[PDB]
Amino acid sequence: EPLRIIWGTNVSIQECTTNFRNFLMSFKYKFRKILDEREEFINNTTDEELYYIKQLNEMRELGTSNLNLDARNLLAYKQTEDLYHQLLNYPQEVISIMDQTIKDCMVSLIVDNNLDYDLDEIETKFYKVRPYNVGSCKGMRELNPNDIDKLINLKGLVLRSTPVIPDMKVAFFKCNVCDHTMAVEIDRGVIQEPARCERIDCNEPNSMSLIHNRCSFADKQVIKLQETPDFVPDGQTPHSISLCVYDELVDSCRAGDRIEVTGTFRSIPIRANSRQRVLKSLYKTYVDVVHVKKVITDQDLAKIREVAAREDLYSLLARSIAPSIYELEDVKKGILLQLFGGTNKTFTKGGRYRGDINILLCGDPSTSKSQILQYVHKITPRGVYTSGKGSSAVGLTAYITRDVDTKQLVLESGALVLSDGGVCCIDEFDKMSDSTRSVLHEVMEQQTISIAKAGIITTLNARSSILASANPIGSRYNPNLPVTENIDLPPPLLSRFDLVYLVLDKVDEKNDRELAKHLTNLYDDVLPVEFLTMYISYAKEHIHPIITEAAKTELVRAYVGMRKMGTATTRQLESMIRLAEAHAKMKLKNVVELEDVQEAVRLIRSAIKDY
Amino acid sequence: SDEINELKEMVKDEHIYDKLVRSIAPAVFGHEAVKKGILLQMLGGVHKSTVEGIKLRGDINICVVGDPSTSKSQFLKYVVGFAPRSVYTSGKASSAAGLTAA
DNA sequence: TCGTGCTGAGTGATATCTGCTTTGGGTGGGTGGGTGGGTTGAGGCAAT
DNA sequence: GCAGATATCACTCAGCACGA
Ligand SMILES: Nc1ncnc2c1ncn2[C@@H]1O[C@H](COP(=O)(O)OP(=O)(O)O)[C@@H](O)[C@H]1O
Ligand SMILES: Nc1ncnc2c1ncn2[C@@H]1O[C@H](COP(=O)(O)OP(=O)(O)O)[C@@H](O)[C@H]1O
Ligand SMILES: [Mg+2]
Ligand SMILES: [Zn+2]
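Protein sequence lines correspond, in order, to chains S and H.
Counted the way UniProt numbering counts, the first sequence spans residues 175 to 469, 501 to 728, 739 to 781, 792 to 836.
Going by UniProt numbering, the second sequence opens with residue 510, and the numbers climb by one from there.
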């Protein structure tokens, strides 16, 4: 009875397998809570259930071959305390054992439960475990030779990833004489080639050839990770570490993302020259990744639908979008309606119509303009905080360049293009040369940018909302002169903006007193931002308002009345349509009512301000 | 044969000219002169080469000037979406090259 | 009924042999060195 | 002096037919 043992140690593999099988078979999350001194938080439904059994059953129903594992869960159990150390110190063997045990557990679950599930699908499926949360996150500048071939945890920023690389798994050989085909495995990157044909009648030596296109292959990719800027001790070039990901984890992390990766810190020789077995004494270090983490339920939907019933929903959201800003309810309301956006229309026999709202916030300096810009910049999922005189005409739209790795002509995405589907933010609109402003003419009108220069003729979608701010020519705003004089900017440009607000810092004995009491307390409830983001995302994805006849009957009246009192062009009517659609989105309605359009027109007249 | 029959039925109508004028750029509202210009541009003119060898142009160029917020770009988008061969370019983005041989 | 000496056949280890550069390019360097060589031109973009 | 691709020679083994 030979005993299987991991090389260089005294751990019996059968013990590991049985312990892991027992842990998977009988584990309840209550143990995890007990371990962390959270005994009083134990419930009676989720913590009294077989966790990994439900995980495996869900895997089977969804047809997946992955089970994410938590090491702290291993520490929680009784029989797998030593398994945690074994996994930490000998990751490869323990990981393989865990994968095989997971497959065996699935097979046993199917067989014992007497289910009708066919065994073929599970039998031919490769199962892999992806442990994470394996201890403290080591730094990229603290990996020593001592920590070679051990499971570590890293965090960094993705810099560049190579395309998919095919990695051979099983080779295929065919005899040139008898046309006999056999498949041989690959061990440690070496093909166990046969010397002569395996058949008995035919034994011609050296007659076997490799059929390149019939060998099984896997997926390989190489990533470069740069340490977070914070870890840099004294402002030098941040270090980088290479990573390898296979099978599912391929194409899981994009360039320019913050990730936390668990893997084995491996070492490998480098050959001195191509045509010799000679090796350099210095080894290359890299990480073999086994897990990657990029750093709606019915209950939430039932909760969200409860807020919509609230009569004062408009005020609640307007007060929660920017908690700190004081007494700017109309400005907040206008800002909020931009996040929701109008309604999207797909339209053949013409062109697409997009419900995107553009807002201008021009007023006296000390008023909270930039603060609102930053506040909205945080909420939106995509956006670029471009400023005045810090951005260029090309920089906003797109830059033509070349890819050194591929040696091909490529184009980058500018600030406006990078904000596709978000809300762009501009701080100093007046302090911007008119040459660059001409770019925004097409963005706000056609929602697209077309470039034709140096052999590149293509159009990039820029379906983004613009939120810009401007300051008066003088030190303050003078009410006496008209708007077109105080704020600069071409008169026609001001007409493009859907809403153009005017916030001024008047002097009073009570407004100033209340503002001072509000900005000094730093040394009327508001929804948590986490829930608000989900609310706006759900509204933006599911709901799609459709105008009604009552809306049109009075929208014609409103537009004609706006034009009669006299600047007022068709863009104002389209803005009214977009705003009415957006407000209906807030209340989760599929039809735009008279009240919503009334609110839209109310907002428009009271923005420029009702002298 | 069926398409030919439809074509000859089209030609037979004595109100063809205004019918085509109305059909062009249906999304835009009542701009008869501009639609007529776009139609005539699409049809084009006969190009000829004299006994000399010098070539007389046969194509038509049209420039639509208007105040912002008017229906200018709508016509251009319609032409791009209808003409057999055509491209869309912007004044600011375009350069000497790209708009010509590079 | 059977045992053994002679033969052709085929690997194993070992003998000579060629080669020991190689290569255009800056994530191959300049403590590898110029007797191993590298000699644009248009177009785009920031600064102003 | 050193690694790799290549071809050379020598030694030993399983079959065969005959004689015991
Ligand atoms: N209504 C207000 N609510 C909260 N803070 C305010 C208000 N008005 C002024 N402030 C304060 O005054 C400062 C104005 O600066 P800033 O918002 O950068 O002005 P701007 O961006 O228009 O130049 C902010 O730091 C803010 O704390
Ligand atoms: N007659 C019209 N018919 C349909 N839509 C119109 C009409 N006039 C104006 N519009 C709408 O008003 C918007 C503003 O026109 P725009 O394309 O900005 O003109 P410009 O090309 O001068 O910028 C357009 O997107 C268009 O949809
Ligand atoms: Mg500001
Ligand atoms: Zn064979």
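Just so you know, these hints were derived from the structure itself, not from any lab.
In this text, a Cβ means the ideal position worked out from N, Cα and C, and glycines have one as well.
Please note: incorrect hints may appear among the correct ones.
[Stated by the list, open to error] Which bits of chain S does chain H cover? Going by a derived footprint, with three or more residues having C-beta under 8 Å, they are: (1) 551-565; (2) 695-703.
[Said to hold, decoys possible] Not close to chain H: a few residues of chain S, all C-beta gaps over 10 Å, as computed: (3) 192; (4) 244; (5) 457; (6) 514; (7) 644; (8) 654; (9) 656; (10) 659; (11) 661; (12) 662; (13) 724; (14) 780.
We went through each hint and held it up to the structure:
Under the rule that three or more residues need a Cβ within less than 8 Å of chain H, the assignment of the region 551-565 of chain S holds, with 3 such residues. Residue count for the region 695-703 of chain S with a Cβ under 8 Å from a Cβ of chain H: 3. That meets the three needed, and the coverage hint holds. Every beta carbon of chain H lies more than 10 Å from that of residue 192 of chain S, the smallest distance being close to 68 Å; the non-interface claim holds. In this structure residue 244 of chain S is separated from chain H by more than 10 Å, as the shortest Cβ-Cβ distance comes to about 52 Å.
No Cβ of chain H comes within 10 Å of the Cβ of residue 457 of chain S; the nearest lies about 49 Å off, and the non-interface call holds. At roughly 40 Å, the least C-beta separation between residue 514 of chain S and chain H is larger than 10 Å, which holds for a residue marked as non-interface. The beta carbon of residue 644 of chain S sits about 6 Å from the closest Cβ of chain H, which is not more than 10 Å, so the claim that it is off the interface is violated. Distance check on residue 654 of chain S: its Cβ comes as close as 7 Å (rounded) to a Cβ of chain H, failing to clear the 10 Å threshold; non-interface status is violated.
The beta carbon of residue 656 of chain S sits about 4 Å from the closest Cβ of chain H, which is not more than 10 Å, so the claim that it is off the interface is violated. Distance check on residue 659 of chain S: its Cβ comes as close as 6 Å (rounded) to a Cβ of chain H, failing to clear the 10 Å threshold; non-interface status is violated. The beta carbon of residue 661 of chain S sits about 7 Å from the closest Cβ of chain H, which is not more than 10 Å, so the claim that it is off the interface is violated. Not every Cβ of chain H is farther than 10 Å from the Cβ of residue 662 of chain S; the closest lies at roughly 6 Å, contradicting the non-interface assignment.
Separation of residue 724 of chain S from chain H is adequate, the least Cβ-Cβ distance of about 41 Å exceeding the 10 Å criterion. In this structure residue 780 of chain S is separated from chain H by more than 10 Å, as the shortest Cβ-Cβ distance comes to about 18 Å.
Hint check: violations occur at hints 7, 8, 9, 10, 11 and 12; the rest are consistent with the structure.
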